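2 protein chains.
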Amino acid sequence: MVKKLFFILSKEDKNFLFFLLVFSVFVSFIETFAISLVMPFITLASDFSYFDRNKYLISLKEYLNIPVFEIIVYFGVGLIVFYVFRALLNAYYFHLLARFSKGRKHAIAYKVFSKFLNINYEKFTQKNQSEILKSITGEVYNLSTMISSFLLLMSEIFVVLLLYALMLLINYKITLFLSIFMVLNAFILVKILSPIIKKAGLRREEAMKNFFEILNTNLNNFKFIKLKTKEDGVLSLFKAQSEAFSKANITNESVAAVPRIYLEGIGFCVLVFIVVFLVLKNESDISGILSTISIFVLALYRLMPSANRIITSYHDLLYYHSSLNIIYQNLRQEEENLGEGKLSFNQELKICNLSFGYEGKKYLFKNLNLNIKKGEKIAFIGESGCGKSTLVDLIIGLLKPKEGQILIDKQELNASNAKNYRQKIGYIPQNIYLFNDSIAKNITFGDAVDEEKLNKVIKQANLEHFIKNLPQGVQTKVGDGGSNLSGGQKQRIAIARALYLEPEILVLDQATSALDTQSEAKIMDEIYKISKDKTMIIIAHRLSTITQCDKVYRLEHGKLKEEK
Amino acid sequence: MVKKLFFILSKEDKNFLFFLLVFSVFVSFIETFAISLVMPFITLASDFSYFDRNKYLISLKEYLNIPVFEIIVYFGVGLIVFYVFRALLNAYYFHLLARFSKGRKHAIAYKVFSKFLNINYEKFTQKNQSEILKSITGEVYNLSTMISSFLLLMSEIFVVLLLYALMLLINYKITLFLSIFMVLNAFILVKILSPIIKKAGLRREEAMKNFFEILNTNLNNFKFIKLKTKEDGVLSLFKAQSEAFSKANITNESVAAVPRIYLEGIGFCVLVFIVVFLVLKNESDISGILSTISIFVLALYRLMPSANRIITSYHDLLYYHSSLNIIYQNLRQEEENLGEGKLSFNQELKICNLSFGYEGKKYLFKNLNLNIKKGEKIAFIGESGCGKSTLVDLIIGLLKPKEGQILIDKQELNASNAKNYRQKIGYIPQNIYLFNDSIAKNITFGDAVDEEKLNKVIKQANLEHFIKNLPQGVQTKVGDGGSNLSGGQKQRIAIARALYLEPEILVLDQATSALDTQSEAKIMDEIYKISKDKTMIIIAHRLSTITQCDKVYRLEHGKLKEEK
Numbered sequence: 001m002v003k004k005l006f007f008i009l010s011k012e013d014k015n016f017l018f019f020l021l022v023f024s025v026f027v028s029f030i031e032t033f034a035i036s037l038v039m040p041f042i043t044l045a046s047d048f049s050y051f052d053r054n055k056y057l058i059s060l061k062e063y064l065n066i067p068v069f070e071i072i073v074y075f076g077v078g079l080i081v082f083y084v085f086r087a088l089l090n091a092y093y094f095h096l097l098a099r100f101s102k103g104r105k106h107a108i109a110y111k112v113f114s115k116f117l118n119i120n121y122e123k124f125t126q127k128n129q130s131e132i133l134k135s136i137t138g139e140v141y142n143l144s145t146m147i148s149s150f151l152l153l154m155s156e157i158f159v160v161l162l163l164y165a166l167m168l169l170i171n172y173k174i175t176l177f178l179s180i181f182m183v184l185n186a187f188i189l190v191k192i193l194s195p196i197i198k199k200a201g202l203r204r205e206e207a208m209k210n211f212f213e214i215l216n217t218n219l220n221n222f223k224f225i226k227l228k229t230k231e232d233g234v235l236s237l238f239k240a241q242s243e244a245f246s247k248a249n250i251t252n253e254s255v256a257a258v259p260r261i262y263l264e265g266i267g268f269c270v271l272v273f274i275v276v277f278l279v280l281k282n283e284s285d286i287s288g289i290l291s292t293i294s295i296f297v298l299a300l301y302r303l304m305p306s307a308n309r310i311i312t313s314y315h316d317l318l319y320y321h322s323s324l325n326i327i328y329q330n331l332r333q334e335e336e337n338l339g340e341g342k343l344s345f346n347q348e349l350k351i352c353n354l355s356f357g358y359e360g361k362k363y364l365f366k367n368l369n370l371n372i373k374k375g376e377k378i379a380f381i382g383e384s385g386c387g388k389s390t391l392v393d394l395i396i397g398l399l400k401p402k403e404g405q406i407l408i409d410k411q412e413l414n415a416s417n418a419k420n421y422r423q424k425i426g427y428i429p430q431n432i433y434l435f436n437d438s439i440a441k442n443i444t445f446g447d448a449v450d451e452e453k454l455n456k457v458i459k460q461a462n463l464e465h466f467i468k469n470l471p472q473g474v475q476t477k478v479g480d481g482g483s484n485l486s487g488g489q490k491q492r493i494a495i496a497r498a499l500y501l502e503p504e505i506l507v508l509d510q511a512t513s514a515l516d517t518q519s520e521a522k523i524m525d526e527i528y529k530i531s532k533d534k535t536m537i538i539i540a541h542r543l544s545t546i547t548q549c550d551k552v553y554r555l556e557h558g559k560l561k562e563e564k
Numbered sequence: 001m002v003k004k005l006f007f008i009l010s011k012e013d014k015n016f017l018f019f020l021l022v023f024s025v026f027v028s029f030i031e032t033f034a035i036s037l038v039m040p041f042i043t044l045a046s047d048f049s050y051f052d053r054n055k056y057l058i059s060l061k062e063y064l065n066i067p068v069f070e071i072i073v074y075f076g077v078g079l080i081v082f083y084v085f086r087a088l089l090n091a092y093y094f095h096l097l098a099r100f101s102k103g104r105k106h107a108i109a110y111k112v113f114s115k116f117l118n119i120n121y122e123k124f125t126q127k128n129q130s131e132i133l134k135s136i137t138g139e140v141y142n143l144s145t146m147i148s149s150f151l152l153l154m155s156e157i158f159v160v161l162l163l164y165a166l167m168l169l170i171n172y173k174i175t176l177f178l179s180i181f182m183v184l185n186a187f188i189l190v191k192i193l194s195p196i197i198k199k200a201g202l203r204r205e206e207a208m209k210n211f212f213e214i215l216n217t218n219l220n221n222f223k224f225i226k227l228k229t230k231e232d233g234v235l236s237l238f239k240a241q242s243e244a245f246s247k248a249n250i251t252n253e254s255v256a257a258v259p260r261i262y263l264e265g266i267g268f269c270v271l272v273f274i275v276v277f278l279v280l281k282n283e284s285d286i287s288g289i290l291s292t293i294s295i296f297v298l299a300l301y302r303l304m305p306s307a308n309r310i311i312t313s314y315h316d317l318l319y320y321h322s323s324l325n326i327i328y329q330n331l332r333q334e335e336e337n338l339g340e341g342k343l344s345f346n347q348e349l350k351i352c353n354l355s356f357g358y359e360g361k362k363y364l365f366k367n368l369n370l371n372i373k374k375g376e377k378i379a380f381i382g383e384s385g386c387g388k389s390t391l392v393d394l395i396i397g398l399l400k401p402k403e404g405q406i407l408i409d410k411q412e413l414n415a416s417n418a419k420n421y422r423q424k425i426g427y428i429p430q431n432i433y434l435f436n437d438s439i440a441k442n443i444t445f446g447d448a449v450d451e452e453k454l455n456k457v458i459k460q461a462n463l464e465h466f467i468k469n470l471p472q473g474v475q476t477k478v479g480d481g482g483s484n485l486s487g488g489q490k491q492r493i494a495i496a497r498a499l500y501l502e503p504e505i506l507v508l509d510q511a512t513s514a515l516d517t518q519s520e521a522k523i524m525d526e527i528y529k530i531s532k533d534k535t536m537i538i539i540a541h542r543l544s545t546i547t548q549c550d551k552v553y554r555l556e557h558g559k560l561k562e563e564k
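So the sequences go chain by chain: D and A.
First residue of the first sequence: 1, per the authors' numbering; consecutive thereafter.
First residue of the second sequence: 1, per the authors' numbering; consecutive thereafter.
In isolation and in its complexed conformation, chain D is listed as follows:
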């Protein structure tokens, strides 16, 4: 199951990853060094001896470099430069972690989005957009922060093992005591306290709910209370619930402080017994008792966060992580579309026996039939939701028929030429979704500009008096969808978007209502005047918009009857 992970990440990310691993092991050594290098400096600073004795201390001094008094100053400066060095180093490490995690958040999410773009229409549209959005923005973040948690985990288990080994070395006796005593201390806090904290917590949570409830119904029945004269009747309930809440809330607010005061008390109590045990034998070298103590204090101090990070990363490695990876496998290895080749359209769009049904599912047509001559401008009057939009979808490039053929100049429409057939249709969704940018983009939908063709389209989409009356002009921000724009401008800009593609079939998926003739009646005429050179399919929901339409097919359950 490790081969899953090595399929997602790229090579540069691998280099970066191992870099971060080596770094992770490194900072462990740097930390344990930053902690260990206190004992020598704290035990050699006083008394001012050790220079005159000890087979090791005199060598660096008798190496003819330093007198006797510059052995503490220089060493100390060396350490403070070492600590500023740490202050920079750890920051860089975490920077690399962040850079890696979120840079990956970018990179893989790009792939997921792209693959979802290359996947076929039916499989994309069969699963809700919550699943897709989550699949390209949620799982990615989760995985990124997951990996960061893993590298940090490595770092800290290394810090733990290293400092534990150091403690094992320094005082072989005390470390075992503090070990057995530590794994007991965690037991007192996770088996004897935490469930009772959960207990008082749930008690407060329930009492608060109850209290607010009867206070709310009591306020709801005031007209009855005032007319009942007796008010103490409901105070008999209020003072009853309020005291329960006032009890559970104090048991909770009280039991929460037990651990820390426990930790202080035990914090000193563990120190004094160890003192009174190391008295039975003589070893305390004045500074010795405090030299080993400063060290173990430091060690425990640095170990607590390592343990915490370990546990947190553990819960993040249980809760999250795994429950995403397999999902990812179902998204990249998920198949795409296909097809390549051209197809000509100079005569008809013969349909021939559609018969279509989704992934369930009862058939929506079962032998649907019509044909669309080049330039017909037809419309699909329905009863809203009958399948007119689905019919048009099948007529156009999308949706694979169950029994159909859909001929284009007596030539069968399939996957090969589906590319080129999808290419030669606009859309104009009426209720459109613009993305926050500069009018031109959208319309061009990101694919650069052309100036000439763009102006041909703006001229053709009758927006010249709207582009003239804009401050920045063609470069104004649509705010979102509009926001900065409004209805008519949306519609016409979409018309521009579909007329930027030009030929040959203009779909027009008009939605329910437009409100009213003070918009649609004019725009329709403009459309009839601009759809002269091309063919048009209109997914009509009502009426009064199909006046100049050559053909009108009514689709109701469950066949297709010709109206006009």
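In short, the hints are calculated from the structure, not lab data.
Idealized CB from N, CA, C, for every residue including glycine.
Pair ranges (Cβ atoms, derived): (1) D:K134 to A:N15: 54 to 60 Å; (2) A:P195 to D:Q475: 35 to 41 Å; (3) A:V73 to D:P67: 42 to 48 Å; (4) A:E70 to D:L176: 23 to 29 Å; (5) D:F33 to A:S49: 34 to 40 Å; (6) A:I180 to D:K134: 50 to 56 Å; (7) D:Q518 to A:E359: 39 to 45 Å; (8) D:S130 to A:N15: 55 to 61 Å; (9) A:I180 to D:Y320: 45 to 51 Å; (10) A:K362 to D:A256: 52 to 58 Å; (11) A:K134 to D:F187: 40 to 46 Å; (12) D:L9 to A:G201: 26 to 32 Å.
Since the structure of chain D is already known, use the hints to place chain A on it.
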């Protein structure tokens, strides 16, 4: 302005307050004992000397009590009993704080609620219930936790002052350096660091806003993407915004560790210059270097929580409290209703020139006139908010008329006799709010039970076939409002509630819609049959329910016309 506090709090609350006040300073001293009493034991436990010298230490040993090897064992116990003693003491202290805070929550919220119960109907109904609920459950919590925060504040400022004075005594030289460096370091973290972080926080928030904003619009326009074949168009923008998010997300995650790693860097760096200044003179008594370090470490260590709590409680002493206390003052000194004395009803309910308006407000009536013979069963067709409900409120006990008299057997209804008149009306609100309890209560509305009267009432409100078909029976929990109950049973339970008060005027405030005759048509006849012996006022909303009404008055601008 402190006398406000002693008007809200009772005597027991005052005593408890001063008690917790003294307690705070006490635990301050006990804690500083736990910190200071380390130095004697840290300097006398090892090495095993000091017993032979010192004018005081030689006394207790020469006081004929101890050998030579049992002076550390016994002395240690003195501290180890003391620290468990603390483990109990602080626990009991915080327990007392919690008990005071939430006990105050109870008692005080009770007082406010009770005052809202004694206040008159119009001022109660003129202010929205949000302000009320908050005034008896929101502000109270703030004041409660506020006072506890103040006591804790005193405790910790005392700990601060004592340990600061002790450090001042022990080493009068170093404490000043660490002081100026405290106000300098905190300056580095709150004047040089803390203000600059906010910028990055808002920046990241905005970058996330932009990216996540533009990611949805991309998925919203997929039909066009599929019809375009080319996938790179939106990938070219996605790779542009996602990297902006991927840049903003790494800088904050990098800068968030800056303060703490700074804290280690300075944490050690501050030690060494002090070393290189205290080496120039002989004073280091081997353990001295580590004794003074241990002491100042303990003190600074204990000072951090004191400062932190000071700041936290300070923000609780800034944000909250005030905007509640005056609010609170506007509820204790708030005025109530009045009245006492009886009044008879045997003939008519003469009105005589009502004319009413709320706290604004254009009059809803301006000279209203009628009379209600005992048992008339009249109805008020209105336009909802036209003033029919207000009219009925005036007819019954609530709301004081601006020009009216409201005679009851030729006797004026005012504040004095309003009690007995309020007593003699039921209600039946149609859309009712039961509170989570045992059917009997509600019906009796909290005022205990009666068995005889309850059975007579359930008998009168025709609900027996629903009580036999319930598990617990009359002791079933209505769950919420119902939840466990449904429609008809709700209504009839309310009818029972108003029939438990029994006579003599049955209001029926019907709301909009019921759906349909399978409920209203049935209930209405039963109501008409139980109102035979009584009089009835119906705030009717429609028709077909006022069929059996003897009189029907329609309220329109701005009079009342008899219908039938």
